[PDB]
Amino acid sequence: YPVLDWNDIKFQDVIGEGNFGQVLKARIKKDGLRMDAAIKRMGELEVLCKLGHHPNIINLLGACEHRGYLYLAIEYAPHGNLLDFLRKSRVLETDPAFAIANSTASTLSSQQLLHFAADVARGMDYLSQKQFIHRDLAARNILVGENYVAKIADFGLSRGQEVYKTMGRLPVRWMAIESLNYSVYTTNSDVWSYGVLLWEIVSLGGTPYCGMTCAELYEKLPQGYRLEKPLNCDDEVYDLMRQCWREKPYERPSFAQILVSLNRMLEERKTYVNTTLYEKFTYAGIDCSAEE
């Protein structure tokens, strides 16, 4: 582990709280440089030390025991979590004069949205090769870092130790059928969750299955029910999502193959996510009561 001097840290605001600890924005000095960090004040240390160097996995900058407490200095992601970032892009909601004037539903382009999807895939490929299973992949656990690079994170909810207050049943909407029905978690179930995350990206942060209860998922998913294609989505992108949600876990693509499909889409001249406004346009719904 890299060890940080207590005196090398200037703390600022609290940016997250929980029964188990808090997260503070801070400035640290490391090696020679002064830098931003998010410091978790209270395992997690070992995991971040192994994987964090990957540019699509949130990194450990350093650790520090001071008095009773352990402090983990985590790479600061200035743009916050991807779900909120996606929703803030809904410029017809958040800046209608700009949205209408520019005939646009988002400040994010099709390519930027695909780059986020590719970033998460790249990170998941590496993580799955290192034999980790995420178990709670969703846009709320992705950070948008320096230079808009997406970083995979985990805020502790799955371990009963959340920082920042999620409705307990909310993760059901990202769970593979085999996780729902048999409590099985594998790389293949992480791929299913990934598909739901891709759907989040394309829908600019819609609540998956908005208007449906979790109970309805248990009944309908094994009947072949799946998230509908967003109106703004090319068939190719939706086909990729649908691959992620094949009933048979062993028929889902690997993260490496996901990344190859996305890069092939990124490389073409064609536009895959339509961000244009038109009459009767509507965003995928958000159900705040399913979430909070």
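Rigid core here is just the name for the largest C-alpha set that superposes within 1.5 Å across the two forms. Residue numbers count along the first chain shown, from 1. First, how it differs from the form deposited in another entry.
Note: rigid core superposed between these two forms; among 48, 37, 240, 227, the CA shift is 2 Å or more only at 48.
The rigid-core alignment places the CA of residue 11 2 Å or more apart between these two forms. Taking the rigid core as fixed, one finds a CA shift for residue 157 of 2 Å or more between these two forms. Relative to the superposed core, residue 20 shifts its CA atom by 2 Å or more between these two forms.
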Given for the second form:
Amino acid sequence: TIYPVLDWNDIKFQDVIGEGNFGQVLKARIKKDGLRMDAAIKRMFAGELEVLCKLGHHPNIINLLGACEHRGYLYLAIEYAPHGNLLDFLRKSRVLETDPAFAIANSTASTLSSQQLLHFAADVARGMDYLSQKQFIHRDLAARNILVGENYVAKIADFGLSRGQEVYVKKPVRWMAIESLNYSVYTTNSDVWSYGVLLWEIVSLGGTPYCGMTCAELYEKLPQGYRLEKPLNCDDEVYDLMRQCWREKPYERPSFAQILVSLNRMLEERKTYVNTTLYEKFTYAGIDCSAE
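Moving from the form deposited in one PDB entry, what structure would you give for the form deposited in another entry?
Only a single chain is listed, so you will not see partners or other molecules.
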């Protein structure tokens, strides 16, 4: 009873809407507190379960509605994010590709604006600050694991449940901190590195990071000091923010709280930080289906 119990009989499964590291996610309708509502279902040890059930609501963390035991398996009922994962949401906005007529007429390269992209980044930083302050270590921060829920509020999903100052996970190379590629240990510091790549994904409207490069090249190239280049449509303040997230020394990277402050500053300025207008020779950052 450590969680809002739910009867498998009150779950109306619909369609498959995605798939995480473990299992498929299914959209469904359930009855909670006598009321019928939308939800995503994921088939999920004991300690982690309590960790999740205890977490506690936060507007930028996908929320647990209830769990259900069935055939020896535990099914989690999750708050529903109608808009889907951030990665596809970003790629669906590349109107120059999805609706060129619209793009030329409005002279825009995305249905989304600079502010919206900054909000997604701020939303995630807020959620990560909340999680890291409680010793949580995500381990797999990336656009694909961010959900765009009600009112387009970004929500963090698929975060690791093993709490502590650092966690070893024997076992996503393009999002991993150098110290994780070498040691398989994760900390909030390596979460910050990944957040930086997430920020780069946001600004590039879902481009594959290090497009054109093999994982192998990264292993040797990253330690040499190599890092993702600034997208031409990105302001320097935003790019510097990413660079801070990728400092070789983990303890030199900012905290999520500091990241959020820098983002809120940008959000407050009338200034535009991520250019989405169409300029003479515009092209999107590439998506390497060979790596995905």
